[PDB]
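Just one chain is shown here, as structure tokens, and it is the form deposited in one PDB entry.
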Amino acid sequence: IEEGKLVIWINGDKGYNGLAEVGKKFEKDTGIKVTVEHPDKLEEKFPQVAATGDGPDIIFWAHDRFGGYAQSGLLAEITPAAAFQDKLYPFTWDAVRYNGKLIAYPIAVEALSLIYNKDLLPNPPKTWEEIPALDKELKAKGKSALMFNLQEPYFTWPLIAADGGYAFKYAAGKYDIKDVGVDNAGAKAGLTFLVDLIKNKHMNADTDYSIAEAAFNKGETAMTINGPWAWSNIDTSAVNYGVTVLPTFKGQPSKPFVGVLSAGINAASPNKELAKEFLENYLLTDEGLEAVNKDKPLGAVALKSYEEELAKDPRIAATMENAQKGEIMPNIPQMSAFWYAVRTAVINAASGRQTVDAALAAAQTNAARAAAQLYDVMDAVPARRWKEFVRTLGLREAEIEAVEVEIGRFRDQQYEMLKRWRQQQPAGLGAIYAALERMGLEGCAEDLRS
């Protein structure tokens, strides 16, 4: 990397024009040129260019991917003054911590909230338990009380976690990966309540993001569950809506997963604290944070001073309230195995394939097993290119030869090769992604995101 200069990588949906503008208020005080760039698959190019010792000085992305980055040492430890740490809400620091050391600056905070049609329903329920009675009263007008995406567990989790569910237990600054909380009594209570809504025809097991977003925006439903990304389409529609706290369940808050957009500094940067005075004293200010929000809104932000003027908008105040009541999304890569197991479980419980107890007991076991993720990779790559693929991944021929001399069948060898490769190299630095391009299988890469 070139020294005496700052280069920022920001996602293209974000307010990159306003961000660069803070860089000119920074550059006329020191003379440091800021070029902000919005490459694509930035999250996925950054760890590959950074493993060489190259890339940008500051990386902007959601906090969950920063834990994988920090595991292979691609992010520098940050050392904000204790006075500066009190300028941001404390839970945002938990999201940007990895094995006891801070690795980035929290910027904006995002969580699900309850969105309701003010015309069909002036005062939304404060408890999940009220919703079945209110759905019956609304079905007399061809309306329903609540529709939201029941296919992805991100949307059903706030209820499954309210009474005591959790993904991976967090103590001592580390996530215990063999301590998952989807089989406890609280998760069973939440999923059973969600399953009960479906058996009492208050919701349909087939509702997905599209069906629910259409229903709410066409006035057919009184409430939905969605994040600030969906506020734009509700603006276009004629619906007059409000955003508010998620309903309690058994008296406790729904816990949506919280995602924190964060600014990390490259461990291979020579300008490490010339970058951090830009973040602490020029961007994480009331003035500099407004330049980015006026380009494209950040939603709710971690810096208290600017949050208290943005929270003059009840929508943003609600998002923050829901975030402070929620659960920080773990920044470890094992979160993918968790989503896979929990998604099968909610699908299976909602349809009757499994009881609630069987669905969650299976998800409990399968949340720590990585096999399913590997078998999917093999079936995303054409078998004629299997050996080339893991050579390109970086598994050395000694390990390859060790597999081939005792494993006979071809598929068995590939699984054993991929399994042993994942045991040497943790996810996720975009390695599987980077390999498919050097083989000319971007179509296969493409599809393996989905």
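We call the rigid core whatever largest set of C-alpha positions still superposes within 1.5 Å between the two forms. Residue numbers count along the first chain shown, from 1. What changes on going to the form deposited in another entry:
Checking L120, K126, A214, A172 against the motion between the two forms, you find the hinge between the rigid parts at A172. The angle of turn of the smaller rigid part against the larger, between the two forms and from C-alpha superpositions, comes to 180 degrees.
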Second form
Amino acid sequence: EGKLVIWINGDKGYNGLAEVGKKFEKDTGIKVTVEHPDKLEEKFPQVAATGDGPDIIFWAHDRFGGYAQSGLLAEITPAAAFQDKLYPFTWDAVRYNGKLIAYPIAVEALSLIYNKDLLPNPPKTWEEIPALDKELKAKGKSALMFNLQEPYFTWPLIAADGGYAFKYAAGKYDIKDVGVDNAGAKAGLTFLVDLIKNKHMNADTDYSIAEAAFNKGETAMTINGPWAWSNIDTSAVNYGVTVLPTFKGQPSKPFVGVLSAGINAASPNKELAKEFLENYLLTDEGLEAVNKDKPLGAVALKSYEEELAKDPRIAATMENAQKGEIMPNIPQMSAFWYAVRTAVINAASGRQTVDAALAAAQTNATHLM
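In place of the form deposited in one PDB entry, output the structure of the form deposited in another entry.
There are no partners or other molecules in what follows, just the one chain.
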């Protein structure tokens, strides 16, 4: 019953795509049918939900937003290693309401096309076109002709100095929507409290107790960060560092801290700062110099991370970071931490149930704003 029906426009290389289909079939036994029906982008929303639509549709990204609005497309979830194989801006094109809803294939935009016999070296600027046209008109030619009837062609110029269709409103933390009190949080906290109730952990275990027990070889596992590594290195323990365990088949989501270099808005040296950071520091040699002095852990620069991640501990830090959440960069985090500290302690000890501790934390977090 497994098969793939693929829709692509008749002006694309659908025979080429079929050849890829045939390779798939040869490897998997699964038959791939490539079709190019007329009006396929109109037909798709008509048939897709009924159980007679294609499995895969190829079209320009802009139409997929409308499809996504109707819930016609499956959220895709490629691994980080796969996402990194495509240009970031192409993933931006297939994002809707913060979800990836397609795979990017190809990229098209307008360019400046010029006659090399008439103009061996074309102009850099729009402003130089009037004079260039005067010069060419003296030989009975013109500088520039393009389609003025269709805004697609004239928009690039119009947009240049601040024209736009729709303002993209940036993503934002919503401080009135706290998630300490939902089903997911209750499940995780209940598992934790149950580990305590069942005597697999003690409620009063803290940083030092855990560190000592691990470094003295009394416990098989601990949860900690790169700051703890050197203390373990000096111990007798042969340790590894790995991805955190899943809970209900989902990754554990540690908060991620990103050591960042900000440029003072009042600095008269902003161009120097940019030059230093981009071209001296954020290079393999620059990060190496810093790392050698005191380890950075995992780094944001791909080329150097690929070198550092030969150490599995660094690889694991990065893997956990990619599965985690970026620490929110807002003042209200203080209220969250305080409320949550209390909730876990009270649940861990039996002073409150899980539901009442999280309920109280939800109300405290919001009220402390």
